[PDB]
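Form deposited without the named molecule, single chain, as structure tokens, below.
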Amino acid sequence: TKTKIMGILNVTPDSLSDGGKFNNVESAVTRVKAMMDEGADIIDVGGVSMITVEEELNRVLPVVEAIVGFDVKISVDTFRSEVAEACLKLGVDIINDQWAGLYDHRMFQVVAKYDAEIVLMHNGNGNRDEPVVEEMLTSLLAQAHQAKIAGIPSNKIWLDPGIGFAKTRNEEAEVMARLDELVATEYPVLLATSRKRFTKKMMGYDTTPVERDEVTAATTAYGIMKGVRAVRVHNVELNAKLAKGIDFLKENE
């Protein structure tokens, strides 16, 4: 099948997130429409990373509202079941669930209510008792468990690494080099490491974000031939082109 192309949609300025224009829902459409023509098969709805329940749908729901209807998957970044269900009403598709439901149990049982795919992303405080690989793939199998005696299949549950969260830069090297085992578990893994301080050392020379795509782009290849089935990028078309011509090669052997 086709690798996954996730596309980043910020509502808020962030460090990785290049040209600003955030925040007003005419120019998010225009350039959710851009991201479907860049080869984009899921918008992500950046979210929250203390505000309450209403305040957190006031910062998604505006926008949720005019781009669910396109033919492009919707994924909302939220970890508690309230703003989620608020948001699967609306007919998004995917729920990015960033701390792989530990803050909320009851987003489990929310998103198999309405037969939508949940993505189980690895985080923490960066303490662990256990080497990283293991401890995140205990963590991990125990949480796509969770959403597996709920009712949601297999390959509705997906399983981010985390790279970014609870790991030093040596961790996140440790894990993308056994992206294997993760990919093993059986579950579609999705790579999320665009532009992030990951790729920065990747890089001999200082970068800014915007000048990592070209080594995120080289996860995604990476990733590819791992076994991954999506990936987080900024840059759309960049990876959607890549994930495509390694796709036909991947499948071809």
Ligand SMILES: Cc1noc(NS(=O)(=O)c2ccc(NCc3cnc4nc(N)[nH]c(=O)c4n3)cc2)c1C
Given for the second form:
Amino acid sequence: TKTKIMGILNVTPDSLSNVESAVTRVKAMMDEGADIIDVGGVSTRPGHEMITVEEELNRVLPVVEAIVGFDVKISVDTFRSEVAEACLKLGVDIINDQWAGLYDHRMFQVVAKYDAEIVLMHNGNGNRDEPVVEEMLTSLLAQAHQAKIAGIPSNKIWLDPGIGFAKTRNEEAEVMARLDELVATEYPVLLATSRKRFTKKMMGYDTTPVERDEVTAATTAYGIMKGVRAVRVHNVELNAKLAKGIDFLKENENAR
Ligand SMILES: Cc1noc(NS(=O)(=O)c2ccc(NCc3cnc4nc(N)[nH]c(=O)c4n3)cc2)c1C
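So the form deposited without the named molecule is up there; where is the form solved in complex with the named molecule?
After this comes the whole thing, all chains and molecules, with the earlier chain placed first.
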């Protein structure tokens, strides 16, 4: 089918980016073509301090509670089962786990409990004994099997290469050049490179985040041609409109 467009909603201020004002943005995102709304309030980067579970729920639930009643799939960016279960009780559809269940292994039992979808992102401290691609596939496939043991079917298990996590710009380029190997897993692949430092290397010069939406859409079109099924972007309108063109051209070539 179509490539799902996952919009970013950051609860907190962020360098790359109120309840009533958040709902206004959520309504704007779907009009720009957002298929999924990823609500996040955490960051697994080393340049941050981990916040308590109670603080995280005070961040996501006021916005989630308002938006669960819309005609859109809702994704929650969290790696702690207590936060995901609380959102799953409200009726969210996707749990975006940045640690792929490594931080909290109860995430698989909770997501499978509510018959929901889970995103498994490749992450780490940056150390590995094998090449980044082989290490990424080894780590993700092991976590993907753990979700299937819990009862989650393969269609509902998403794989994210984790661009910007435990990788250098050279290791990120090695992953982006071999995206077909990650799609060969037959799991739906989610690509998230919106306004990231990888994007900065594509232009070759120092830029602000908002001027990296064009090269972000380039990764979107390139990813769809490789076989990815969803993209996590900031600029929904540019990527959702561009993805529809690539999906149109890919379906047109397959039909003819
Ligand atoms: C400062 C500064 N200048 O550029 C950057 N960009 S970056 O280092 O590559 C960078 C690194 C990490 C993040 N985390 C943001 C983030 C949050 N949730 C995600 N969920 C999924 N499934 N996949 C993702 O990729 C993902 N990324 C965002 C940006 C920063 C940070």
